[PDB]
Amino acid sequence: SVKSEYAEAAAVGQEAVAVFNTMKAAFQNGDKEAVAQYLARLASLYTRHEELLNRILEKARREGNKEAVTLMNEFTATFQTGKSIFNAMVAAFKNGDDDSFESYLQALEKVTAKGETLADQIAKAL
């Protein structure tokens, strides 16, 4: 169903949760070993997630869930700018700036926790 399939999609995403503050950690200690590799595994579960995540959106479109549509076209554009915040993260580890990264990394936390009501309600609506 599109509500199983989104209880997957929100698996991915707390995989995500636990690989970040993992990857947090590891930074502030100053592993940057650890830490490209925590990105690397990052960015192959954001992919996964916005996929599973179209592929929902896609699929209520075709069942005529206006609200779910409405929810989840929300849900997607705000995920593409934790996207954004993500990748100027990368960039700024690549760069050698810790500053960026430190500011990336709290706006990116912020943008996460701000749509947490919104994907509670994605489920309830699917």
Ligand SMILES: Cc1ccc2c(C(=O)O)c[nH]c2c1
The other form holds:
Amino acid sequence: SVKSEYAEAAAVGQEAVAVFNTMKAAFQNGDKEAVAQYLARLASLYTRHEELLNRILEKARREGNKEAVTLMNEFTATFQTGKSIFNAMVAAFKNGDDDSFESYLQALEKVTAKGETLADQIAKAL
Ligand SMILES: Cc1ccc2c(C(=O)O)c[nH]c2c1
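Requested next: the structure of the form solved in complex with the named molecule (the form deposited without the named molecule having been shown above).
Once more the chain from above appears, this time first in line as the rest of the complex follows.
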């Protein structure tokens, strides 16, 4: 059901947290080859996460589940902010701008946390 889809979306989000934290450690340690691979894997994880979120939102709309639709619209808007920040982080890595990369790492953590505040209301709405 939409809940098994929620559970997979939540798990993909958690996988991205895990890989992000490994990548932050690799960035701090100066292991650029690792950072490159973790960024590629994060890109794939965020693409999958977005796919699942869109299926959940479309299913909620087709059900006419107004509260789930509202929460999912809010969550996905914050998710898109995070993706913009992620993209900027990737560009800072490409450009060799470690100062900006550090800053974006911090911003992405805060934007991710902002969206997660909605997750527990989403689960009970769907
Ligand atoms: C790179 C990648 C892509 C998709 C998934 C996934 C999923 O589709 O549920 C779980 N971990 C992943 C990791």
